[PDB]
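Just the one chain here, laid out as C-alpha cells, in the form deposited in one PDB entry.
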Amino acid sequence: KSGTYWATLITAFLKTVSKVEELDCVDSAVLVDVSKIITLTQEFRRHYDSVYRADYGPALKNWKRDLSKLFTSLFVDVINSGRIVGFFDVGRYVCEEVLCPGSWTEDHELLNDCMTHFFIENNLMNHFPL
C-alpha cells in the first residue's frame, strides 16, 4: 500500500512498544496491524528463546552504527514473513530493553528512520498479509 501508510505503521508500532503514551490520533486499520505485529514479534521471540541460549543484548551495543548492516544481512539471501517479523522484533528489543521506556527521544527517531527506510527501500510490504 501507501508508503505513508507503512511509515505511519512503523512509527506507531515503535511508539506503542516504547510505552510512549505520547500518543497519536491514527486510524483503526493502522492500529490493528500494529497489534498483529506485536503478537507476531512475541511468538517470534518465544521461538528464538526455545532455540538459543542468549538474547540480543551483546550484538546491539553499537546498534547506532550497525543496525543497517544487520538488516541488510538479514535479507541478503531471501525475504519472507518470518525474517520480517525478526526485523520488527529487533526493533521492539531496542525500544523495550536498550532505550528508555515512556519517552520519545532522538534515538527513537533514529531507529524509526532506519527501519522505515529499510522496510520501504526493500519492498518489505509485499511479503506481509501474514
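Positions refer to the first chain, counted from 1. Superpose the two forms; the largest set of C-alphas matching within 1.5 Å is the rigid core. Shifts are known only where both forms have a C-alpha. Compared with the form deposited in another entry:
Just one of the listed positions, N80, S50, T72, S28, moves its Cα by at least 2 Å between these two forms when the rigid core is held fixed, and it is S28. Shifted region between these two forms (core-superposed; runs of 3+ residues, all CA displacements of 2 Å or more, residues common to both forms): 21-29 only.
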Contents of the next structure:
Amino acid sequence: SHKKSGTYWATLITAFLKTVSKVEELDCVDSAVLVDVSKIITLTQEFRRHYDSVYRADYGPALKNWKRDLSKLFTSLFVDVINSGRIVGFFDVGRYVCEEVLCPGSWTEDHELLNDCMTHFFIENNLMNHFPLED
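Show the form deposited in another entry, please, because up to now only the form deposited in one PDB entry has appeared in this conversation.
No partner chains or extra molecules come along with it, only the chain itself.
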C-alpha cells in the first residue's frame, strides 16, 4: 500500500459517492476501484458506530445546511491535525449528505456539487498525503 494520485482519488471519490447514492451497479465499477470504495465505506461505518455510541443526535441538524457550510465543517475538521481518521470522518460526512440529505437513489446536480466540493477539498488540502491505498 502507498500514496495515490489526485487523479486516482478524483475517480475514487465519485465512485464512492455514486455507490453510497446507489447510482452505480457494482458490476459497472472497475474492480480495483470497487475495492477501494468498499474499503472507505467500511471505515465510515466503523467511524459512525463510535459516533453513535457516544452521541444521540445524528449529523442531520448541522448538515441540513451543507450547502453553504460544508466547506467550513471540512476546514475545522483538519485545522488542528491531518490524519486518516479525520479523513474517514470527511468521507462519513459526505456519506451522510448522500444518504439522508440529498435526493435518494439519484445522481442529481447537488450530488455533482457535493462531489466537486469533496474532490476540491481532498486535493487542495493534499489529503492523499495521509491515506495510502492497496497496491
